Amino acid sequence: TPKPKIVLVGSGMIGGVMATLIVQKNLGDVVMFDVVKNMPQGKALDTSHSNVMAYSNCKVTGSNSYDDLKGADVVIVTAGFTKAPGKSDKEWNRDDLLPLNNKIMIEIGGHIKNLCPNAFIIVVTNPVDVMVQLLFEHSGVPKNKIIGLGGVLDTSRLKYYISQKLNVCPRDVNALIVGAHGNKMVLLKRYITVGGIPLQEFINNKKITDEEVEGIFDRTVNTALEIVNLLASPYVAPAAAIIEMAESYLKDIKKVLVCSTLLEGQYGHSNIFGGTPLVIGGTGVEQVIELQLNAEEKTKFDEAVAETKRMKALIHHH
């Protein structure tokens, strides 16, 4: 009543798993949009069959037309990059791709503005804390209707690694990672709990050492790289985190989830997006929650936003 419409702008690795998880959870009709011909149509056809196994009823269709954004309730943006003939088979980077992905966000933004200005938008394209603000600018949606992936995914690694050292259920570890997604993400040792108990109690109990925690911190920061070196850019956990955020919206669950949001003085920053706990409910972002960071913690946050500002200033670089 009447079945949510979710459009995946970008139907690559992450898009594929998202469509799969949507059908599993019966969350809404799915449009798998991509600029690549035939590929989304093929994945959508395959995925549509799994409705039988799942006892679900979600239409899954593939598209190469922006017209299919019309009426979307949720839009998830993983579109970007690319690569070209050069110049391989690893020549890609980062800094150079900022003008390229800025231009994809402008194109997507104008189409959202015209075809689904009331959608809830989740941005994924890297660097996410930059790209989400770019989409916000060009789509014209309210600040409470657009967020970026980061904290849900980054904290899942930290939560996971601790739970395995302490031999508890992974979701029984709670942790906050703030500021930005990426190498300057702020891991807050102070805010780690295990079954609601401060982590420092398990350190005092010699269940885990401070050296073991810092080991886990660096592993968390470096997880993307670790997986890229075994395989490629991670996509199962990012999809799961994005679906957890979209479901909180679609089912009005009001989960506290760390995501990238427009900062309006929080942490002393403005005119910029960054990672902070927020509450996602049926109206979008319902609350932005500002952690009461000490001096030393605020310095780390400042560094994260500074890096986002650095990259944002490169969208017209040559």
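If you superpose the two forms and keep the largest set of C-alpha atoms that fall within 1.5 Å, you have the rigid core. Positions refer to the first chain, counted from 1. Compared with the form deposited in another entry:
- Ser88 is the only residue from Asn205, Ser88, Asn229, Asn167 whose Cα shifts by 2 Å or more between the two forms, the rigid core being superposed.
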Given for the second form:
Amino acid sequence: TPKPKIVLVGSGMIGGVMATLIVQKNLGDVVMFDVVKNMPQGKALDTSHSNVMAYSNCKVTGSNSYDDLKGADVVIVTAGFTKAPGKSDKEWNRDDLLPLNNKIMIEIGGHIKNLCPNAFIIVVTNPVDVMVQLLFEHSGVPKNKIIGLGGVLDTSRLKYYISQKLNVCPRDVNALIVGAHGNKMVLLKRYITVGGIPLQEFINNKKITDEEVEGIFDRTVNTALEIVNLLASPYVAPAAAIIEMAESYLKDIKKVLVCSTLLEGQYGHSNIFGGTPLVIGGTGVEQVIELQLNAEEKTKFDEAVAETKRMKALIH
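Please move on to the form deposited in another entry, as the form deposited in one PDB entry is already shown.
We keep it simple here and write out only the one chain, dropping partners and molecules.
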């Protein structure tokens, strides 16, 4: 009243699930944007009919024009490159990626600056902790108005695996994974709770062993690789995580969610984005919570941020 406008910049796998979930939850009008012609229009048409089943009323439209950024309340960026040429046959590089995805962020940021400078922006494009800062820089939006997906998704894996071993509801496990999305993500064993009860109590009661916990941490780290091996880059859980973040903003819920945000001295770091618990409210990032890490924990957090800094320095 008047209906929020959500622009999906990128209408691939994650984009399609997000449009579906937005309709289920009656969250706002959706523009599915892509550079690929016709594809976002077909997805939007199919998704728009699902309003009837959902008892919702969200316009869902497809676009190949950046003009549709005008009026956006929320912009979600999943746009990016992948795959490789000639290369033979398993040596697809990392890494350079990174200039190609940077050029995408330059293009998107320029239009955000021109067309929707007051939007709340969520960046998903990998490596997320690098790309979110690039978009921040190219778009000119305030620091409280842009974040990156990482912790909500990474902790959903950890929560889920622990919950299946302990035979409890998945959401009754709480856990924090910080620093960066990716292989350097910091899993904080000390902050795992189950129904509000420290994980250690379940270990002492022999409900789960130290070994099993370590195998679950390794599985959490290997999950994207596990699913890519079987199928493709994951998309259902990533979309669910993003919509949880977007909804906290649109409904001023003030959920505490771990996301990539600009660090300004926290954990000893500045001029860089990193994963940390934060509060998402109707004005955007309302609080950035700095965890009271011990020495071993801070050193893993430093390694996570050093890798973000490394990749960022490959951009010229």
